[PDB]
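The data below hold one chain only, encoded as structure tokens and taken in the form deposited without the ligand.
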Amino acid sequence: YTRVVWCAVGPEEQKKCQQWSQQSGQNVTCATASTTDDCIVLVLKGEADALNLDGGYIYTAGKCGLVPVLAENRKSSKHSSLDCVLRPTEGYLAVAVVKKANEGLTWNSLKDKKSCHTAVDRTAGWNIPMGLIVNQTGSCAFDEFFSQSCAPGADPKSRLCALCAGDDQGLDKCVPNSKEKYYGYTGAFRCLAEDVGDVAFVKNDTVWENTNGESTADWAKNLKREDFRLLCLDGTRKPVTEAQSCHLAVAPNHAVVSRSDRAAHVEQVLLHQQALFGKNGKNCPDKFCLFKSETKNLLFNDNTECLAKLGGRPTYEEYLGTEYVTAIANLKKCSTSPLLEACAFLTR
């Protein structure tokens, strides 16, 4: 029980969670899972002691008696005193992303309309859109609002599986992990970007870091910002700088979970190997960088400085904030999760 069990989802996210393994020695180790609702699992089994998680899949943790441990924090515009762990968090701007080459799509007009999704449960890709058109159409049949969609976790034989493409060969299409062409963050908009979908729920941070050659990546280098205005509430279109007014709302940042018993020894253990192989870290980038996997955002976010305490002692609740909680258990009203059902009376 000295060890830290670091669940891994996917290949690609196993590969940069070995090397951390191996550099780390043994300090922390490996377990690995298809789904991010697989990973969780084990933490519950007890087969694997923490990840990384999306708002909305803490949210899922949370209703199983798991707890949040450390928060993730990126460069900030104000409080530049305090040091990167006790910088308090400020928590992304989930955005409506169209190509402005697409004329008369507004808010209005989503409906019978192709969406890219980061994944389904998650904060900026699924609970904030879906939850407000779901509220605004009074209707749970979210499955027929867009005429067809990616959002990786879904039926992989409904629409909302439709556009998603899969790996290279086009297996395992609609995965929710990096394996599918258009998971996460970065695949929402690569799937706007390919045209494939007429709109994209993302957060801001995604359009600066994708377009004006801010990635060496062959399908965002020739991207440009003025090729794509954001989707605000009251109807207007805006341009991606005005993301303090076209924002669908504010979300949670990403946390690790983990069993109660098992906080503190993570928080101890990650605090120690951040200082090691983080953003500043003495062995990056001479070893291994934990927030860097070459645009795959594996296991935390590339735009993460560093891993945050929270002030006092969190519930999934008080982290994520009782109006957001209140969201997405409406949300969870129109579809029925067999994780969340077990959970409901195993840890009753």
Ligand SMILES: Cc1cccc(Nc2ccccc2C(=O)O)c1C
Given for the second form:
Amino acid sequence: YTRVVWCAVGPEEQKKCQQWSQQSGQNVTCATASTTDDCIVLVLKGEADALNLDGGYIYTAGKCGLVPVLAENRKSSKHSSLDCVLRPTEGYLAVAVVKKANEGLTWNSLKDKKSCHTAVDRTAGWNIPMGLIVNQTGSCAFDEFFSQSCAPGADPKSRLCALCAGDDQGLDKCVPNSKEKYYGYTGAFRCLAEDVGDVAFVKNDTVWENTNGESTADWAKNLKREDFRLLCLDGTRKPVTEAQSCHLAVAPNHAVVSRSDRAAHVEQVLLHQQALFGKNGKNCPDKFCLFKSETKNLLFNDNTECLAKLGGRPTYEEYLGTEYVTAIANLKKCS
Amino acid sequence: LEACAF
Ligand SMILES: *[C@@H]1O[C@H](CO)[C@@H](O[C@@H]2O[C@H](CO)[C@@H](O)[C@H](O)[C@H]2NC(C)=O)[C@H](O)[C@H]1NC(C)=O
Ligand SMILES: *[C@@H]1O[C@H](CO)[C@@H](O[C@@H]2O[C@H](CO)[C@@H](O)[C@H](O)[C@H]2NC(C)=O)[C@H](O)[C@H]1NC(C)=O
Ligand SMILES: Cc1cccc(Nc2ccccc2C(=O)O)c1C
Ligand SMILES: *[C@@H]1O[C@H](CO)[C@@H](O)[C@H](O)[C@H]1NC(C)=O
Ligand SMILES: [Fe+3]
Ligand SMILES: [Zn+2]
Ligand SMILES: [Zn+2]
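Alright, leaving the form deposited without the ligand aside, put up the form solved in complex with the ligand.
Full assembly next; the chain just shown is listed first.
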């Protein structure tokens, strides 16, 4: 066995990683970089072994030769006697979320509105909605579609970063890590909740998990699910209980990637680390919980029940699926 | 649909 070196994206992940490392007795140790792309480069250089990635970043990492190893599996919708680690993953619903009180807004009137995205290059926050918008408008000028946005990872002086807020001190505006107040699923949802933006591209679970007291976070603790609507592609608005019939796409779950020569060993270590620190793990919550970070989704999404084995030793294209890959490929023609 | 970005 070797140690596995995890790559943490920004300082809040680095802190959680350091706590994991200490609890694992250094079976896992930590490298940290400022962005997911830079973590992918550390992994390609062999200076880190692995990290968990949204499907859009899996595409980046997979074009560079890194491979999926285990997928996040959240609470199953339907009944299953299968253990979490063996249950097939179900994909999450990419949605566009607006305030109920913003009554005129539908999918067909998004032009010149303000948008909140998890980050450039992520599935629900970017690849799915911008791919759809490029397609529908017949124009690659997706940087001119919304009047202002927060899209972490875009040029910080551009309209795509105009709404981003940076950290406590207002430094690091638009950096694609958790120090940016509007980064990621919860940041893009907060960007809508605070009416900085008119629309947030997140996933269905984000809305549930940050409303009706499911989050105690100060910006979220008082949000009511009834105050939000989903935007459907047919131009209708639905309550957030209707995401199965009003989503933009089904996304492949976030998954751990590594170099191919390290995957088997990364997989074995992770299966053992989640037996200790995962949901009902032997030492969670007593000592450390790998899948909690007070809603901040650090290293893994907080709704993860386990990391699951993949069927078919899939390549990254197999894992993402041919349609998603082609959608990304098409959108990347614009850049 | 081609090479590694890095
Ligand atoms: C949208 O996401 C929410 C949050 O994950 C899902 O609601 C959860 O569903 C699980 C599985 O049934 C329940 O056991 C949880 O208690 C629910 N959480 C909350 C906070 O209510 C919901 O099913 C998803 N909707 C769709 C269409 O997939
Ligand atoms: C945007 O449109 C492109 C161009 O049509 C879509 O790409 C096609 O997707 C279908 C369905 O998977 C494939 O069978 C075609 O072969 C693809 N066409 C081309 C020219 O590559 C893409 O899926 C759309 N983007 C979305 C829906 O986000
Ligand atoms: C065609 C199809 C349909 C549903 C899922 C996929 N691919 C996946 C493969 C692994 C993990 C997740 C997915 C998914 O899209 O949820 C494909 C290729
Ligand atoms: C660390 O890994 C070693 C080797 O597999 C193992 O004996 C030990 O149980 C692990 N400990 C923790 C705390 O993860
Ligand atoms: Fe995602
Ligand atoms: Zn669908
Ligand atoms: Zn295969």
